[PDB]
Structures are given as structure tokens and as C-alpha cells.
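Asks: These are the residues of each chain, in order.
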Amino acid sequence: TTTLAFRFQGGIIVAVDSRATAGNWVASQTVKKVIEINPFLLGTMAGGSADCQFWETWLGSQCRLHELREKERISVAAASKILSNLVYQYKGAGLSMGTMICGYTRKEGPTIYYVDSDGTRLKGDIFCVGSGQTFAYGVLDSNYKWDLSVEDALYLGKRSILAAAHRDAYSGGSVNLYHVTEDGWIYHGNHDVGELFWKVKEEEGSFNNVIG
Amino acid sequence: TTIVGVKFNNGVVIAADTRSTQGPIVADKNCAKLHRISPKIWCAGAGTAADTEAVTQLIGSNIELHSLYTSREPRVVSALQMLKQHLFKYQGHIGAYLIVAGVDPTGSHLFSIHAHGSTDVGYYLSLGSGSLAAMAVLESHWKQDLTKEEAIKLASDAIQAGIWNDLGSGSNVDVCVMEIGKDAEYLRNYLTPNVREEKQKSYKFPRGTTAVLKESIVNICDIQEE
Amino acid sequence: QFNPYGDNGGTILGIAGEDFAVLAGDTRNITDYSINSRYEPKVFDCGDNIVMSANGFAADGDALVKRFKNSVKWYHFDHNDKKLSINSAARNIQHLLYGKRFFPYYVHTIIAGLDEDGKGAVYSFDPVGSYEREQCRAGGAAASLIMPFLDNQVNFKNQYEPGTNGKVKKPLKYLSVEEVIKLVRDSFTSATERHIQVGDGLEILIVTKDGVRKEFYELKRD
Amino acid sequence: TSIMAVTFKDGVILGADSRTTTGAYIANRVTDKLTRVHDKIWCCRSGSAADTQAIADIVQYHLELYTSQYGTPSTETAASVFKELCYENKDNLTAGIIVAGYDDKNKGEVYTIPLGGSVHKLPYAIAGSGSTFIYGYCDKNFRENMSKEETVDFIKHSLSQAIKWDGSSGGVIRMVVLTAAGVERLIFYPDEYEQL
Amino acid sequence: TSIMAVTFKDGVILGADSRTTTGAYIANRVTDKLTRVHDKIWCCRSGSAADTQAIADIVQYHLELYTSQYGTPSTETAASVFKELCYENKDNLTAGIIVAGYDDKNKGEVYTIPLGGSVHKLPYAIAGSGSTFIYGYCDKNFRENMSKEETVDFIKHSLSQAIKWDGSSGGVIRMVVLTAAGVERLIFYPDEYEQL
Amino acid sequence: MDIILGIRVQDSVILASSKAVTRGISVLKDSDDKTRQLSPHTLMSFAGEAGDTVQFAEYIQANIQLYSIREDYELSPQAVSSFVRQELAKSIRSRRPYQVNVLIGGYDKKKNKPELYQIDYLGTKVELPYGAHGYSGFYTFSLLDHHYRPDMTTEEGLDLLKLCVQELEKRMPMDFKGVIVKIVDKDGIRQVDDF
Amino acid sequence: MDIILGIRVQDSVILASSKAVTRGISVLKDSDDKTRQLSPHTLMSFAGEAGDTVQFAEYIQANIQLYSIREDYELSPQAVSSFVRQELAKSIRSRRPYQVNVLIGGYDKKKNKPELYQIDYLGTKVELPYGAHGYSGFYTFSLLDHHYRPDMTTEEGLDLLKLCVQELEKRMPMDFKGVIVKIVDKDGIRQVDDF
Amino acid sequence: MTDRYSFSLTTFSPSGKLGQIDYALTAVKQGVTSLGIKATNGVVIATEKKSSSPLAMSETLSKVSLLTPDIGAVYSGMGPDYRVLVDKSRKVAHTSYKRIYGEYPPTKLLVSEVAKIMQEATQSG
Amino acid sequence: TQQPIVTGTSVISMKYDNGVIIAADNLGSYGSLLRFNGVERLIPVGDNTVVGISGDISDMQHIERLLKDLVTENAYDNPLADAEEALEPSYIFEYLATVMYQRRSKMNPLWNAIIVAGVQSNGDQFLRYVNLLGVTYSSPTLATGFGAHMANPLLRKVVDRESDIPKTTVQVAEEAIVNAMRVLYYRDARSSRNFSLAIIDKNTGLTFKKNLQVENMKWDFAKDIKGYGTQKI
Amino acid sequence: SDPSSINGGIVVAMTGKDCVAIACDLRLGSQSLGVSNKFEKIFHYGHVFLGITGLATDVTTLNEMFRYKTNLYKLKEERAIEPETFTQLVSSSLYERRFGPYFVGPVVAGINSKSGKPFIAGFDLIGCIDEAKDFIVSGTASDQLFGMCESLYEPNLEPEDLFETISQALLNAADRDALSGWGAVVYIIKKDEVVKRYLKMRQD
Ligand SMILES: [Mg+2]
Ligand SMILES: [Mg+2]
Ligand SMILES: [Mg+2]
Ligand SMILES: [Mg+2]
Ligand SMILES: [Mg+2]
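Line by line, the protein sequences give chains Y, H, Z, N, b, X, J, A, a and I. Numbering of the first sequence is given in the authors' numbering, commencing with residue 1 and proceeding in unit increments. Numbering of the second sequence is given in the authors' numbering, commencing with residue 1 and proceeding in unit increments. Numbering of the third sequence is given in the authors' numbering, commencing with residue 1 and proceeding in unit increments. Numbering of the fourth sequence is given in the authors' numbering, commencing with residue 1 and proceeding in unit increments. Numbering of the fifth sequence is given in the authors' numbering, commencing with residue 1 and proceeding in unit increments. Numbering of the sixth sequence is given in the authors' numbering, commencing with residue 1 and proceeding in unit increments. Numbering of the seventh sequence is given in the authors' numbering, commencing with residue 1 and proceeding in unit increments. Numbering of the eighth sequence is given in the authors' numbering, commencing with residue 1 and proceeding in unit increments. Numbering of the ninth sequence is given in the authors' numbering, commencing with residue 1 and proceeding in unit increments. Numbering of the tenth sequence is given in the authors' numbering, commencing with residue 1 and proceeding in unit increments.
One chain only, chain Y, in its complex shape:
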């Protein structure tokens, strides 16, 4: 798995791979590692797939109940903390979770919280989680700027997943892109890594090591 999310001028980019493996066996190439918690909040799926799926759609239910009671959009801080407090109750039981809770509100602006099954809750600008996280971090760190355009930020997230997909054996399949704005997230398509790799190799002149 490779999942990333980073804050920038235009909001948040969320990018993930699509591969699921059981040992060396590739179980699926069409997995959704971005949970659509609600139209404004996104969560990434790493570690236990069920644990992420189950508890983040549950989180969506809690967020819905909040805004029904309080007549106001839940903050990313509050939404993330509901999840982190929950998993912290289960600490020791064997939940496996590494997720970025991503959202864009009035009071906070674009906000990303890394939430962990050990109970860790970190606010940050750039997060990268999974077996291919180190590969994606490299591309991110060397190319990231706050004043990235929405177009360039989307490409950076896509390219960083590709970097991981290539090297990390347990990452690949396809790239899912999301752009999170204040008015909600916008889906930016599924991109097959096989086709994307050759396309990027040619247009970018990268991956000279690989014969195409």
C-alpha cells in the first residue's frame, strides 16, 4: 500500500494506490483506499482494510449526528478525534490502522490529521503511509511547495504514488486522486499504473533505467 495526503494553497491533495495483497498473492488491483466519509471529509486506508472501512464510515455516521445536533459542519479536528478516541479504547485488541483524516473548513482551512491504531493523532502538512511510503515521501519532499497550482499538486500526488507503485512490490494497480476544497472533495479519476508509467516515462524523461 501507498497512501499520501498533503496541504497546499488550493486545499488538500489525496492520492492512493489500489493494490491489495495476501502474502505474495495479489488479491485485488481495484481496491479503494480513499474512504468517502462524507462529501467534505476523506480518510485513507492503510493497515487493516476492514478496520479502516468499518470505523471510517462509522465516523461518517458520527459526523452526521454531530451536524444534526449542532446545526454546523463538524471540524476536521473534532472528526479526527472521534476516530482516534475510538481506536484508543480498542488499544491492545489488535486493530490495525494508519489513516489521514482530510478536510477543509472555514475555521481551520485545509487540515490533515494522521490517525493511528496506537492512538496517535498528528496534525500535519504532508503525510505518507504504507509499505511504499518512503518512495512517495522522496518525490513529495523534493517537489512540494505551498504555492503549487491545483493542476501541479494533483500531478505531484499522482507521480509520488507512481514512484512507490514502481519500486514497492506491494503497491500498484491504479492511482486514485482527490482534491479537497472548502465546498467539498472533488474526485480526479482512476489512473492505471501500467498505462501511467509509460506515459510518464516518455513525457517526463524519467525512469531511464527501465526499457520501454
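There are no misleading hints in this set.
Only pairs whose alpha carbons sit at most 20 Å apart, straight line, appear in this in silico EDC-like list of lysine to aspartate or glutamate:
(1) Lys49(A) <-> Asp81(A)
(2) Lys167(Z) <-> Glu203(Y)
(3) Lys173(Z) <-> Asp192(Y)
Hints in this document: simulated from the structure, not taken from any laboratory.
Once you have looked at the hints, place chains H, Z, N, b, X, J, A, a and I with the ligands on chain Y.
Replies: Then chains H, Z, N, b, X, J, A, a and I with the ligands, alone, in the frame of chain Y:
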């Protein structure tokens, strides 16, 4: 694996299935489990397949040299004694489980050999994962003074019991008949009750379906003259 | 020490068509190297035009199918005989499975039917309830033998149009129910040849707007 | 396994069941556990079949080479060779052997060699998993200088009970009679000994 | 431990050795393993002394409360109470109990309850570590409808052999006779039974 | 987390705490503030197992803030440290103990004295002139033993703290990404933004 | 030891190797050169278990120097790398295997080409444009995949190497105390003394 | 004891002759005639069974010996030396070939192995 | 979690044209000790069902009491207890199957393998298996433990599939069962010669046969077998 | 930990009409980390071709070993080794390390130069010969290859048809295995010409 050995009037018959497996996967659907130690001494192996093939060749080799040295046709008891002393020395680490059968100037013989080096005598024997299925058939139908035709029938029926009921065994039945005063007759694929049915579809591709990057001629020939 | 789990082998296959869906499974039930039954139905009609199979440990498989069938019944009682849509059934099954997160149903569950637009639908679950809608999914013992074949023959993966040499992919043309059944049968024939736990019989449940239909085929019994 | 050897007036008789098991599966129901190391020196084998066969074969070799040089060996000599192998290789052997033989000078003698490799000369000896159930019976019923027919009955009744209670024992009761007259093999089937 | 109970013409007799060991140390050489749960319902105890005492005490309580309400309990009823405790608490108990009793309607009855908590009604029963050595002897020598003197001799000879071979058994042979006539205790010392 | 230091000088308490947050293979953050303000004149730094650290720290914070509202009064550093110790001492025999070590730096407005308390996850409390948790003390205490004076100024304390951090940066294998330094005195709590 | 990188550019091979030597708790040295010159145009860097690394490297060095004297001839980098692989492949089934991973950077004077070989302790040899051992590749390969060109100059190679080292210094938990960089080309082996 | 003859018993004489080899060839010369003829579809090898006594059963003395199923050997000279060479030739066909390649050696290579054994008896201690 | 102490071995069974046959030996083993020789392991429920149980005997006796209690309970406020509302094999099985799976799910199993053999109200043959794991399956032939390995192969030669059931008479079926029991006596070290056999027929009802013995045994060939290889005497 | 699945990779061989085909992926890895996309697993000694999957150091070592042995074979025999003979040599060589084996899954392919008969063979790590008529598979996606080969294969395929069958068998099997892929090579072998084709595949 299902392997059996059955004594009869004027000799002995051994039989085996033809499935070799790697875990739950069938590696070879028509494996030859009936091995030759000498022209008229044959054996069937179960357990570690390399160990069975390896130990039969080694003893089969030393048996041939012994036969040449002594100017006498090889005896089953010699193969038996050499196999067991070898296997015992290695304390079961050579995972060979054999049913040894054959004819020699002493008569017709049937023995089993386990990997730790113990041996047993009998009129009917079975080994392998399908040994219990086969032994059930042998215990139900075996009698004294079987004919050649009855023993072949019994042996193959016992292998079939393994083929159908044991997941470790399958495909075909191999048989070898060793009768006194005769050449041993190896009957490869004596029964073939597991032919695959015709598929619903042909999966022959149109030519040019596969994407290719580079073609080149490989030089298999030696360095050329001139 | 007592081991509450076991492996009853078996292999199941779900394929979603354009206006239909099939859920197939072999009828062999096993423990270790023994056959328990040559015909033990594994794919079940659960009502509301939904078919289900929970492959793996048969006791947990039977328990889950039973509880889901029960959930369909109570969905009718509680919600004025409303039809349980395939997507709603899928979410319900997630909760059944995740309910036993820390002592899981040791099964790989697949359901099939039609979505609310009448198109073919297959959902695939892991043992603890993570699920996804899929076009094509083999589960069980010979899943690794079947899925690559399906990637190639259903989705036309690695296949390109002759003459173009890798530039144009083979187009993803829609398969009929007769075409799917051929691929299912050939998948199971091949799996039977190379996997010891697969054989005896193949039972296919076909779901259309007209209802659920069954087809049975013999498999090699060795 | 149920095995025993009993001295009597005319010599000694070895007795044994015929069951060999791999767990609960009877691998061989007609096993011959009475094995010959010399003309009138035999042994009963218990423990590892591989080990006891390997030992017996080596002993037979040693007594064959002994005979070529020094003439017929004593039963004591055979027991000593068995002991030497069992004792010196105790770490790698699981063998419980009863040695029985007939001299003309010494007559019937029985030596038991348990796991450790120790030697014990006895009037009679019992061994194998099934022997545990007949310590009481054999101790109460054994007499010295029994007749051939009495000793056969004593062994037959003893192993019958051993077989009855021990699942590891069963099949036929084999016996070998060692006297001045020669070597006589006896066999007794389930229908005979079960009704005793 | 060597324990047994034997039905005969006039009722039933319980028998037991008196040795209790902690490893190889004999903690008590004059133990009373024959314990009373009702006037004419006794039991033989084997396994954990703590467990079997605790069980027996609870049974005695249950049969005392039963008697206050419903009159004298059957031997079957006593065995059922023993079983209920042993079966339901099988994970935390190491108890092998033989239940023996005398009704006037049913006469002498024997029930054995092994480790698992199962119940087996038998003409006679043997149990404890020393019982293994006398399965052969007891099976060969037991007859139904023996006299009091014959049954005493049968138990005395049986436990003598059990004691002879089992190091865990020894000391005196205690017995308790249950008949219409009443309850008679018997004791037999080493000098008596060893020479048998 | 990793390194947390504390030093009580003449008129203030200084707490230095590393900025790194490492998830096994990668350093996920290099600006993490491992501290919570319990009351206007009481600051608590913390280090231990992930999740437990922040969960515990915020739990303490909430309780002290609750007390501050109920009584309209700020508890003395000593009182706060005793409360914290008890919570950890209670925790150590629990089903799943808090794996958290803390330093409590406070200025007692009644006594007009700075106070530094060191408490480990077992509930082992000690009042010290300077303190640390984990391996931090091993590198730094020899320097603190040498240079420390009870009449040091805040500026001198910071200089001695820099020397301690330099020694850590030299001899520690781990990159803890520098430290956030905070000062607790009569005027309250403030952060030294350049260190 | 920890991080060792290698990059083959147009006309040279560049090897970067960390300077830190850590004995569990303390960093004992911050200037360690984890490399040996096998021949005038062949350099080998190394990382693995303590003692074994230097023992192996010097053993190889001695053998190549012996060969160079006997034949009055420098072995090709390919020949040296094959010899090294065999020694490690022999080692892996020994009583106590060498736990050593190496990079062999050489300039083949016959072919006038730079050559970089990566060999692990199992004897797994691969010729690469750029390589690493341990976790170093995980951080750096995504950058090298992106920027690398076979026609890079030595100066461009060093710049790409700096970017790799910067990424390591940012995201690695361990402080590896920078790297010693060496260049292998037609003129031989030289060290970049400012990096 | 121990074989203390660790030095060569065959050595070059001043004239360059290896005496013991020459003398061995002299022993061969005295030996009974044997021959070999190669045809297009076969080979024949033949010799005389020189019976040392009429009471001796000359069928028990095999001068012509099977080495492999497709290779045979005949000799002239010292019979006992031949017999042991046949034993070694048969074994070496297995150990240094059949147990490696799963087939019997070609004629030339078996001959090569026999030659090697004979060469070593010409130089070894 | 426990370990079985006193155990019962194979239960074997098969369908025939008009009903089902089931058989099991009368032995209660205590490890390798053949402790109890008079244990009935076929327990009839009414006149239409026979439950065959292998494995732990104490748990068998418990199950036996549950079934006895089940009959009592079914008769309560049930005027048709001996008619339309009598216990069916399918009811008895499903109940046991529920209990077995519940008990494994509490990590405290009934250490058994059970075969419920019977005939339904409509005359249909009922034969289904359940064990300590709560695993269930049905087949024309069913067998537990060693029976699965040795009996099934023999019984499957008579009824290899569903279509062979109407072609199989009660005489042929019983013969095959009795032969299988002999084979198990030859080869299962934890078996006894004495066994019980029950036939449940839709016409002739429940026939329960006690004190049966394995007969027509082949042992004579043992006399010729000597040594373990080279020995002649 | 498991030596046969550290480096990953696959080999497949097939027989056709008067031809054999052998193919392999190009991946070498350190578990999850991809290390090389040029690690060929097929070698040849004269006209006999040998694929080797498993632990990469052993793959290299055995190739160097069989080059060594087939070179001496040729000098002494004065002819190139045949597939049937070489198969026995591979078996012999593996079994001599019975209690310290090379962690490999070798696959022999070739055409007997005298009879013209197409030949393939497979081995376990310890030397047991699998001489299948149809196809041999090896590596970390052997299950997948078995599935592909079993359905796609038909006997007596012409060289250019066999190429498509083996290529599609390899590719789709490798795409279902995390530790296989990163390029592929297919050898089409006829009695006196051998064509080598590098396939275009996804690089993840
Ligand atoms: Mg199959
Ligand atoms: Mg041994
Ligand atoms: Mg018995
Ligand atoms: Mg892959
Ligand atoms: Mg990848």
C-alpha cells in the same frame, strides 16, 4: 500417493497411481512411480519423491555391480538389505517409503520399507496417503492362491480406491507384473479413467496479440570458421 | 490445544454481467486428504434475488449464510416487506462479519445479484468485513489458479489488437450469460486438473430479473 | 507390542503378538517379532522396529562370525552382544529386547535387556506395551520346570490378556519352542485365544 | 494408588491400599482411601487427594440433604451426583472415583467414574496407578455371585499384586464390606498379603 | 517519544522537549510540541508510548482546568504533581497501564519559587533542580552536575541547556530534530522561538 | 554500518558512504571511511555487521593486490565483482557467514566505461546505474528513478547525490553524521573533501 | 606396518626408458593371443581359452567380460590383473558417469577411465 | 478447551433404497488401554432416528441425556407427540448441530463426531454428519475417524452417487457395512470385535441389532510369514 | 525469511510442434523492494536451455556451475550436451546437496539434436525430476502459472502460436504476483534457430 504390492501363484505384482503433488497443487498428472532396481526387481515409492528416486538408483546401481561381480542375477533380499541399511544410517532423514517386489532364483518376493530402516514381509501391502483406501480393498478381496489375472485386478482396484477417495492420489494406474521364469512386464498407464473433457472454448490467440519490445536471433551454434 | 477453525476446501467464483450475475462453486467438501461429500451445496439463494456463498471453514460459512438469510427475513418484518437491495445486503454482511472482528468467521464471502438499476453486481468480502463491488472474483482454494485466467479472458489484460503491436488494447466488449458460463466451466475444469481439493461437481446459480436459476455440471472425481 | 520368553523343563519358549502400529493405524497385523540370531538363540523385539531389526541383524552377524571361529556361542554371549550395542548406543536407540536360547550344558536361559542397556537373567521375562497388564497374572501363574504343554498354555493365556487390554498388541500369537529336539514354530489365531 | 470395588452374592466390597506419595516420598503410609458418603454408599478415591476429598465431602452433603427430604438414596443417585461434579468441573479436577453401595432392592452395585466424568456401571471395577498391573489377573479370576470369603480373597490377591509392582501403592490393604447385615471394616497387613 | 529535559533556575523552570515523531522507519513530523499547559503557571512535558502520552497529558490538563474553574483557584505545582503521580501510580496496576513519563515545571505564586518535578510511568515522583527521562539524563547529567548553580539566571540556564542539547546531538544515534524550549516563571508560560 | 549509496554517471562512478559508527547507545565516531581501494581504478564500499565488514573488505583488498602483483595487471571491475560475489556466496553456507553488503565502483580502462556493482551478503550481484544497501534505497530510489540520466556529468551526479542525502537526513530516524563521497574515473580514485 | 613404499617403483632409466612398463609389455607379449575386428554394423572381440588343466572348467573363467550393456573387453597378459581392472572399469562406469548423467558412458570415455587407472599404477607410490 | 479421555472410535453409515444403516463398535478406549467393552454408541431417538457418536464418551453420555430430555420436552402439551408432531431426524440433527457449533464458539467443545441416521415423515432417507467444530455435511455414505479413511472407500463402491441409492437393497447395504466393520477391526488399533448395527427402514421401521461380532476373518496366511526380510525359519 | 521467495521471479516452459519455448520475468528484489529489472533467469549451454527461479545468489551460482560442467562435458565428449542428459546432470548436482540445498526451481528446455524431439523438464530444489509433456512452471507465481497454462495450453502449437500462449501465460500470472514482473523474456526454440523476445508489460 497410492502404491500397492500383491503376491500371486507364480509371482508378484506392484501398482501405483500417477499423481505427484506440491502441497495441494498437482505438479505432474502422469508421474511414473514404478521404478526399476534391476530387470526383475521393481519398487514403488512414496514420501519425498527425490529420496525415493535417488535411493532406488543408488541401490539399483550397486545391485548391478554386485550382479556382475558375483555372476548371479540380483536378489530382492539384497536390494532389501542394502536399502534398509542405507536408510537406517540416515535415521529417516531420507524420506523414502518403498514397496519392493521382484523375482529371482530364490523365488518371488514382496517387502515394504519405511524411511527409518524397518522392513516388513507380506502377501499384500500398501503405502502412501491412499494406503488406507487401498488396504480396505485388499482386506476385502485378497485370498490365498490368486492367479495372475486376479492379482492384477486386485492391485489396480486397490489403486483406484486411492485415486477416487484420497486427494493425494489420482489420474492413472501403472502396473508391473513379475512372474517366475519370465520377463517382468511393465504396464505403463494400465488404466486411464481420468482423461480431461474437451474444454468449452479454444484459447489460441490471434498472432500479434502480445506486445513486443525487442527481437533478436540467439547464437546457439559454436564459433564459426573463416 | 483446541483449534476452533478448520479448512473445508472448496472454490467459488462470482462474475457480474451487463444485466445478469453468476455465482458458481464446486460441490466437493473435504478435510485434509479425505472427501467428506461429493455433493454439498455451497452457493445459496438467500431471497430477494440475492445469491451468497461463504467459502472456507464450512461451519462459519453455514453460520453466516444462516444469519444473513435471517437478516433478510427480519428486514421484511421491520421495513414493510421492502426488497433488500444488493448494496444494502453487502453493507449488512459487513456488520455481521465485523461483529466477530476478534473471533472471525474464517470465510471468504461473495454475494451476487442485480443492483437497483438492473445491472449485474458481485460483492466480495474478507473474513472481517472489508468489502467491495467487483466485476470478477474467484474465492477459495484455487482462486490463484482462476483469477489470472479471468484477468486475461474477461478483462482482456495483456491482450492487444494485432498489427498495432501494444499501442491499441483489445476493446472490453460485453459478455453474454452463455459466454460467462463457458469461462466458469473452463475455470473449474482447469482448477480440478491442478488442485486436489477441487472436483466432483460444479453448481452455478444464475441471477437475472426473471429470478434465480441453477445449473449443475460434473467434475472429475479423483 | 506384547512379548515374553519362558524357561521350562526341556528348554525355553518365546512368545509374541503380531501387531505393529503407526499411531492408531495397524501397519502390519501379521508381524513376526520372534527373530533368529542363531540356530537355537532367538529374541523378542520391542520398541523401534528399525532399531531392533538393525540390532538383531548386527548380532546375527556377530554370532555367525563367532561360530566360524569359536564354535556355537552361549545364550549369555548372545545377550552380551545385544547389551553391548544397546548400552553403548543408548542415546540413539529405543529397543527393548528379550534374548532366549537353548544350550545342552545350560539348557533354557532367558535374558531381558530393557531401554537402558542393562542385562537381567530371569526364569521368564515379559516386555512391550502390553506387558504392563499381565505382571500380576504372570507372577501368580508362573512355575519353574513346567512342561512344554503347560508353558504353551501359560504364554497363550498371558499374551491373550495382554492383547485383550493393550490396543498396541493384537493379531496372532506366535511362539517359538527351543529344546534339544530342535526348533518348533507355533501359531495361535484370535478365534482360539480370545475365548480363553 | 490401587483401588477396586467388587460385587458379590450378598452385596459389594470396596478395597484399597494405604499409600499416598509426594513424588517418591511416602507422605502417608496408613491412608484411608475408602470414604463414606452415606450409610451404605462408599467410594474409592484416586487422583488428586484435595480434589477427591472436596468432591466426596460435597457428595456426602448432597446425599445427607437428599435423605432429609426423600429418604435413602440409591447407589445410582450417588454415582450421578459424583458424575455431575466430575463432568461439569473436568477442566479443574484430577479425580478417578469408584462408587460402591448396597440397596435391598438393587443389592450390590459398582459405578466407576474415570477422569473424563463418564459413568460406567460394572460387576467390578479397578482404578488407580496400580490397577494397570492387575487387569489380566482380575479379568481371569473374577466370577459373579462369589461368596464373601471368595471376594475378600479376590480383592486381597488382586491388590497384593498391584502393591507388589506399583511403587505408588503400598502399606495395608483396607476393605469395607457392604451387605444387608451392615458395614464391616477389614484390614490386612504386609506380612499377611506379601506371602500370597 | 524521545528526549525531554528540565532545569529549575533562580526564578523559573525551563523545559526542553524534542520535536521529532518517528513511526518506526520514517520521521513523520519534526515540529511536535510534547507539552501541555495544565494551568497558567504549570507546564507538563511528556514522553512514552504513542497515543498514551497525549491521551494522558490531555486527561490531566482537563482535570486541572476543571479544578481551576470549580474553586476559582490555581493549584500549587506540588499539588498538581501529587495528583499526576497518583494517576500514574493507579495506572501501573491497571489492565493496560499508561506508558508515560512526565516532567512538571511550575512556578508557585504563593512561595514565589520555581519547582520542577520528575515523574515516571510507575508513579515515581522526585523534586529536582534538573531532570530528564529515558537516556537523556545519561548524556546530560554529567554536564548539569558540573555547571548547575541554584542562583542561575534564565539566560544562563538556557546556555547550559544548549550545551546539553549539543552533547545529545553529538553522541545520540537518533536524530530528534532539535528541541522546543519553554520557560515557566511568575508571569506564566512562554516559548523560546529561536533555539 | 548504515547508509551506502552508489551512482554510475557518464564517465565515473560515485560512492557515498556514511561517517557514523554507533555502538548501541553512543556514536563512537563521526568520520569513519567505509571503503577500500582494491586496485587503482576499483573502489569498494561496505556495510553490515561490525568487524566482519572491515575483515572482509581488507581480505578482498589483499587478494586483488596479490593478483595485481602476480600478473602485473589490473583486473576489470567485472572480474573483481565476480571474485567478490563468489567469496560471499561461499560465505553464506559457512559455519559463520560474513554479514557484509558491498558496492563495487570501478572504471574499466579497456572498455573506457564506469561500472557499478551491487552485491549483498548472500552473494546477490547486480550491475546497476545506481544502487544502495539496507534502507538507503527506500528513501533515495524514487529520486534516482526520476532524475537519473546515463549521460550525466560528475557534477550533476554529485548534485543528485546531495538531494538523496538531504532526503535521508530529513526522513531517516538515525543520525548517520553525513557521508564521505569518492569518485572513480579514468584517472583513478579521489575523495570529494567538501560535502 | 603402513605402506612405506610412497615412492615410484617405475622410473626413467638414462636412455629414457620406463623399465617396468617395457617389462609389463613383455609379459603381455607372452600372453595368449586376443584380437578385435570392427565391422560396419558391429564389433567382434575374440581370444583362446587356454585351459590350465582339463579338470578345470574353462567356462567359469571368463576372458571376455561385459563392462556395460554396450561395451565389452578382452585381454592378453596376466589374467588376475585383468579381472581386477574389469571390476574397477565396471564400477567407474557407474560412479564417474551413470550416477551423474543417468546413462552409460561412451566407449572412448570408459576406455579413458581405464587408461587413467593403468597410468596411475605406472606413477603412483 | 479439553482433551478427550474415554473415547469411542469409528461410526459408519450409508443410505439404501428404503432407508439408512448405521453401525459402531462397543468399545470405550482409555488411550491405548481397551478399558470398557460394553459401551453402546448408537442411541435411538423414537422409532425413526438413530444417533451414532464417536469421540469423548463423557460428552457422548451428556448428548445422550440431551436427546432423552428432547423427547420428554417434545411430548409436553403435544397431543400429536406420537404422530404428526413426533421428532424427525432433521429436527434432532439441527438441534445437535446448533449445540455443537455453539459449544465450539465458546471454546468449550463437545469432543465428538456425530452421525444422525433416520427416515423422515415423507419416507426420505436422512443421513448427516456433525462434529466438535460444528462442521456439517451429508453424503450417501458417511463415516467418522478411521471409518472415513477405510469404510467410505468400500461403502462408496456400493453407492458411489445419489442415483445408486434406489439400486441398493438392505441386504447388500448391510453386507457392505458388516464387511467394513471387519476391515476396521483388522486395521484400527482402537477397535473391538463386538459392535452394534441399526437399520431404519421406511417400511419395517427401526431394527436395532446388539452383540454382533466380526466373523469370517482371514488369519491363516500368517503362519507362512517369517522374519522381516532374510529369515527363513 | 523463506529463501525461495526473497528475490521472487518465475519461469515457464512449453512444448509445441517441432519446437519448445521457455520464458521468464526479469525482476530481482529484496522482498518488497524492487532491485533489478534486467535479472534474466534463463541461460543456455549449447542448444540446451536452463531457467532457474528462487534465491538469486544460487541462480547465479548454479548457472556458473552448469557452464563449468557442460564445458568440461563438451571437451571430453567432443559434442554438446543433450537436454535429456543435462536434465540428469541437474538432478545429480542438486541431490548431492541433499542436506544443504540450493533454494531453486530449475527448468530445462531444448530439442534433442539427433532425434529432433522437443524436451522440457522441471525440478524441485532437491533434484526430483518432473518430465511433463505439456508444460513446466516454477517460481513465486507457480500456482498462477499452473492455472494459466492448464487453460491456455493445447498440444502441437506452431512456434509463432506457442509464443503467444506462453507469453500470455507468463504475463497474466506475473501480474497476479507482487514479486514477479518488471519485464519478461521469451525464447522460441527450433532445431537450428532460436528467437529471443522481450515483452512489454506493466512495471509495478
Ligand atoms: Mg482435483
Ligand atoms: Mg533410531
Ligand atoms: Mg487388541
Ligand atoms: Mg507484480
Ligand atoms: Mg510494485
